[PDB]
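Form deposited without ligand BMF, single chain, as structure tokens, below.
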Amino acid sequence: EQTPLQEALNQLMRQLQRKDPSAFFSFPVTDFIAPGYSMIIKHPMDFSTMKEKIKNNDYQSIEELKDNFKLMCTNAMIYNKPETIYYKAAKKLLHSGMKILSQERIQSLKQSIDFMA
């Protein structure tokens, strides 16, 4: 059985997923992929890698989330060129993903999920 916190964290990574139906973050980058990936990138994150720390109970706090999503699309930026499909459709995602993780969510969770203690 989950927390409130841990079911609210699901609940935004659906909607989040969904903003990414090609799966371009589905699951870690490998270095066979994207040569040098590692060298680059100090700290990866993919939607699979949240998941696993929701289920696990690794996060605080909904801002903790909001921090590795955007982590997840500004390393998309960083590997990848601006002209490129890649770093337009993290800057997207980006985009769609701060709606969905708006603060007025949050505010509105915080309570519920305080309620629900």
The other form holds:
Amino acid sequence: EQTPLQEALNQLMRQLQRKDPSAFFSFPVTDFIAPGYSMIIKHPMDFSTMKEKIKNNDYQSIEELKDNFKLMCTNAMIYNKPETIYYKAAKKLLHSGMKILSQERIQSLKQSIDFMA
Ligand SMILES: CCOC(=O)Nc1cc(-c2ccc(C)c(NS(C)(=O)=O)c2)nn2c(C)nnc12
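Output the structure of the form deposited with ligand BMF bound; the preceding block shows the form deposited without ligand BMF.
Following is the full complex, with the preceding chain placed first.
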């Protein structure tokens, strides 16, 4: 059903989502919630969109998921001002996920994914 790469991506996604208990990043931000969001943020991203990309096999590396995760956090730091709870939640999530998506974990997974070919 799923490739070893897809399974690794999902395990990383579950660790990243454990760092968003308030659930701000679960689903796309709507303009109803955040007026003008669609005019400000050119490339929206959220965890549910990322989980669909994993399911549809749109990622060919962990690094592409890592780029989408960084994009998701920095979008929140562009739309929301530094003093806001969403900016500070994004900054904390980005820092936590950069260790969850560590280059060391990526290297380890690359080997075990390669050996499962
Ligand atoms: C105009 C005031 O500014 C905002 O309301 N901005 C933002 C708000 C929220 C937010 C709120 C409440 C909830 C329940 C959620 N979760 S959901 C339904 O989207 O999964 C998200 N996320 N957010 C993200 C990311 N980036 N900016 C914002």
